[PDB]
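K.L.:
Residues per chain, in single letters:
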Amino acid sequence: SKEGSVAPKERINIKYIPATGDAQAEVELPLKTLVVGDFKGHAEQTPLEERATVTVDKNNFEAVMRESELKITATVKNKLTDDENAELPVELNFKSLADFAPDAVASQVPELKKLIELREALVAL
Amino acid sequence: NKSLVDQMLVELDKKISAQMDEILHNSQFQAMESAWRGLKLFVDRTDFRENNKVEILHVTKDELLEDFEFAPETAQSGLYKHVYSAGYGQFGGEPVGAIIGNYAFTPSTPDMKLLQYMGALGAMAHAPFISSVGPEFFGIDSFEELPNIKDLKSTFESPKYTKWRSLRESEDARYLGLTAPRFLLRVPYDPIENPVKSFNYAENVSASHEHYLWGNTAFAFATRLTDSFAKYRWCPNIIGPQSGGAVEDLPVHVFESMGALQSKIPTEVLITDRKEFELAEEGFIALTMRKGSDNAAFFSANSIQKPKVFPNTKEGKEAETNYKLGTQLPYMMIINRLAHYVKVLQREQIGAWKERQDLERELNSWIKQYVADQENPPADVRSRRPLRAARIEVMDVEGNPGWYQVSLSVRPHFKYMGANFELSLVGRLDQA
Amino acid sequence: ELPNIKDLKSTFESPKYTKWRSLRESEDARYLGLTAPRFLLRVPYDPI
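Residue numbers (our numbering), protein chains in the order written: chain H, 1 to 125; chain W, 1 to 432; chain P, 1 to 48.
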């Protein structure tokens, strides 16, 4: 209760009352923006009215990506050989922005990962 | 011997990088990356301690249309529920300040229809919808041919743009804003400028500049809105190099030219003042690049809406003045926040003993809060108190006791947005 | 090779220094200070 409590009436009654006069207190409104876009590699089966919004800030941005679960199934030209009919299909997964670095790309693509392993073996000479 | 081993490593990495380019230059991959990278670029330039918030809602353009076409009316759309119903129209809730759509629009009828719906939604919620324009909108392959366009005004006379022309005449167009060229999000990978671990990767951008990780300018514009609010709790300071429409700290990329060196422009092109003005006339928000720097600026934020012409009389010119203020986002943002404050604060007053003149008295005392009617208030004061004058009239809804009809009209401080100068040499001039 | 540099001011007009030029215009640049040539710490080893 926001009314303020008082004791039962006596001959002498003392009450603290804040002198705000008739001033109407007010609430500051935040500036909220809504970013709408294709943040995944596929459309969702859930209806627009059902899928929920996600609050994002500096202290949880990466957490949000992790929870959103990103995945890319795609095919690129296979240039590790000399055949125009050679194609390479990859299945990339992302938890944070660091996962878009070439370092991560290689680690999630065996056809390159093994070549990196080779590189290290050659360096070890 | 080792020298040959090193050569093996060179050729190995050469081959690996050739493949690595294909993934990193994959359109699906870049769509994903640019979305999230651009999002952070926005997020980490805001200040959440200043009562700024942002929510993510995963939606494709296609399924936006699916929903808007599926529903019988916009008031029953899923997006309406997320924006209006669960916010502005909810006691104890909060209203969405603005909507940033990570999309590129063409002149296609589907794109036009989508904009129509977003205009309606924004109008109802009192929040602008900002997004971007695709290169093909101007009949060109990429934004790098904008210098070859001799006249945009004449270009838009084509039958091709019929629906777009009608869109610009709608009263809902005030809540639409579209931006022009994109901008770089990432400097190409480089042993010196942007190195990676282990693998000696040197990213090779080809003749196609679409190999660069371009980002959606709408987000840049969004940070402009945030900064203004963070400082003043109002959003009009978003249209100038010094006023707050300046985009600082863009990515750079020096590379070999014709034996010389040059940097890839952060925006696809270096927009000239005349070209920028042309785009402004056609209702586009062009982020222009400051030549030779890493800074860009929004010189104005006109909405989609086309200004109406009135008869050249005292009254007619006043009508033009009034209508043009409506067509520009720096002023509409003032109205939008006022709408939001009225909705909230008035609900608190429902059930109070108010007679007609009680509302006039109180509403007057309230609006004065944001008025700076001094002879010459400093720009800082003008920023936090955007209004110069305001007028309120309250009438009764006849045959319905307790209901009132309120009219609120305001005169904002004006932004400096252009001037003509006449220079003249003169003898016997009065001495200053 | 510092004696062979004919004009540093003009040197820094290159696109190469774009970011550095912007850095120097920031209000935070007051708290940065960088020094130029190095100096000897040790005289080469010598029987005398």
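Errors might be hidden in some of the hints.
What the hints assert, rightly or not - According to the in silico footprint, chain H covers these stretches of chain W (three or more CB under 8 Å from chain H):
#, region
1, 26-40
2, 187-197
3, 240-246
The set of hints was computed from the structure by calculation and includes no laboratory data.
We put the beta carbon where it would ideally sit given N, CA and C, even for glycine.
K.L.:
Checked against the structure, which of the hints given earlier come out wrong?
P.N.:
3
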